[PDB]
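Next comes just one chain, in structure tokens: the form deposited without 1-benzothiophen-6-amine 1,1-dioxide.
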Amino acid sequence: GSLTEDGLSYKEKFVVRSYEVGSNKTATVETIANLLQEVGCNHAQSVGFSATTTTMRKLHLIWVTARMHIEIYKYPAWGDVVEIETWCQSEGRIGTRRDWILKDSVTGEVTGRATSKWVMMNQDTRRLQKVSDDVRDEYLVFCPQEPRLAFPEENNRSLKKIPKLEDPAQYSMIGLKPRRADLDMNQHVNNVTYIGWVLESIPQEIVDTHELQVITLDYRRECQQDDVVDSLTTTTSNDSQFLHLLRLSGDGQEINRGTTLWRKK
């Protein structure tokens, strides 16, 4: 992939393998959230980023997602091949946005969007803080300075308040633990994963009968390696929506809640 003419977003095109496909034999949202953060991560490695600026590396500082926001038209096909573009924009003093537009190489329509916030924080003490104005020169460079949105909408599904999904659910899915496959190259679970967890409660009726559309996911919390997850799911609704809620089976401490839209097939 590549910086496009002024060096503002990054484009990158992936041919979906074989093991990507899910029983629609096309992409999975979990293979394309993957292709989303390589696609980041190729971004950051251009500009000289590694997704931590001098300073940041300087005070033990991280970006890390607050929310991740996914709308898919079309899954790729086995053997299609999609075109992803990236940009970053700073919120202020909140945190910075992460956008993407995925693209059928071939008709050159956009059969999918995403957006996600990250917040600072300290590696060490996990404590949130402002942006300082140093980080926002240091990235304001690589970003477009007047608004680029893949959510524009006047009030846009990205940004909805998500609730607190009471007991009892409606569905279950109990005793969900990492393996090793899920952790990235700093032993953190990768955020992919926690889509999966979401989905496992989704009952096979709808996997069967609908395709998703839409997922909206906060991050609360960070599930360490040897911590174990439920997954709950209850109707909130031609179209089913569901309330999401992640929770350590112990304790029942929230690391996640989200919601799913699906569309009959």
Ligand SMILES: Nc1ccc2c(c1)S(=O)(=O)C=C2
The other form holds:
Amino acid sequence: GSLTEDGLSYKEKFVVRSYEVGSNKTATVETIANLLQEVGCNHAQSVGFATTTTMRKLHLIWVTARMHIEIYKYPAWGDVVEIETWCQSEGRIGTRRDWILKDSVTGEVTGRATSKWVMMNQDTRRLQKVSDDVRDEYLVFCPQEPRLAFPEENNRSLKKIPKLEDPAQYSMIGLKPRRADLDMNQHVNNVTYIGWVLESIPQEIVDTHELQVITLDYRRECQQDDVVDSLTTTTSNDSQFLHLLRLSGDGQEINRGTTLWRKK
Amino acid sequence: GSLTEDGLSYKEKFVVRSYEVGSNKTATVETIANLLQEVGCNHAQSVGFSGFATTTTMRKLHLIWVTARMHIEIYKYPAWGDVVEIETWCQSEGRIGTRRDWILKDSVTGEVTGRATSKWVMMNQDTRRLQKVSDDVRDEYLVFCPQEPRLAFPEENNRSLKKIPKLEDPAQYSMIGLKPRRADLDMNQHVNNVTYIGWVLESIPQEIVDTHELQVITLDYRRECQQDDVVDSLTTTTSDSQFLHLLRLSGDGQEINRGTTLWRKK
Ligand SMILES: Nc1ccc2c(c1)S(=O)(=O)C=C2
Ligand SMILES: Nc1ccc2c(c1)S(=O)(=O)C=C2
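Coords for the form deposited with 1-benzothiophen-6-amine 1,1-dioxide bound, given the form deposited without 1-benzothiophen-6-amine 1,1-dioxide:
Zooming out: every chain and molecule, the one shown earlier first.
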């Protein structure tokens, strides 16, 4: 992998592995999401790191508020997929990281993703707007003119997600993270929540449809000793669902989302 | 990745990923086990196989290879961003089945950082009945194996061939109600063998994991966990720290795996 010529974006190629694919012999959306995370990590390392001395001094970290992925073609087992990533400042709100996925052999865009990140105190979990001093330290690593993976003026990446009402049409209860679901800091990996959301989709939908779009909002973190319930209701050629992840006991919301599926 | 010059073994390099490491910023034993599986798959493809390593004779009789035992020893877990080189080969073990071995090395130093061995047996994919290999099938795979013995674990009467006892109730530690999600399934909708390693490790206390490093794991595979099954993971200290393990179905207590782990103080 490497930064591009202008040093404002990062590209990396990946060969799809045997254990990374589903029943269609193509990469699952969780493998794709892990690869997005990996190319994001490699981008931060290549530019010198994604926390500066100033963020480290104030105990601030970047946390994901929203993730939006659209896949036109899932790469097959043994195929090479090229992923390009970049960041852009969104004023005082936070930052946005975008991705473009391409088939390395044809050069055609097979997918795209966008994510919203906000600054949070590591210890108190309190959110805050971006200070001018912190924002100005990261601007030298972003393209200055807008560069959007989802340009469309009415794109599904910025749609507001409602809260699922009980009773849910489908459910998967008692979901718990194991050590493989944790990152190097013992926190639940963001991709695990995507897997948990998908667990409440019926197997018949998964067997006859392909996931085209997933939008996920992150409200609260699942701790290593928490238990989660995954709720889904059909809202809809295509099938659309509304999703909710909440703690098994008190019903505290951890995520909400939407998925769009197309017939195979 | 590629077959070596003699075409009797396969080598592949991997760069360790950010999501593949644990709290020590080194690859977990589950990432290592997935890489062993991946280099095994790439070896079968390189020697001509289009399912897993099944010849047309096995395909006509509906026979598949299934893991009976997995044994892994790690001296050093590769760090995040490091390149690890893995070499794999197979050997026929007469009529019993086959053995697949692996050697892990640090690509920069060339030193052996780990080794693994596994026992595979032939099974009918529909009835799940075990069978001897027979001359006709064994003779079709011999051209892909070294003829002289080549063992990742040469030592006479070593840890890889030790008999594992059945854990007696009550267990010292336990993790109950473990269930597979879609990410735990392979391309044939069966639970991936590496998930059972994760489930075994779930009943080790967090304090042991925080102060020790896993050096050895031996796992026997008795029965498969189905997509709608629920598993209990049981562990008792038998001692470094050594543990005896048992995975069984949550309800009727049917055994699915038994194993042992050996851990070294950090
Ligand atoms: N906040 C922020 C802005 C740009 C960039 C990063 C962080 S990075 O370090 O991940 C690569 C470029
Ligand atoms: N059964 C068996 C024996 C040798 C070899 C394989 C299978 S393979 O196809 O994985 C490569 C060598």
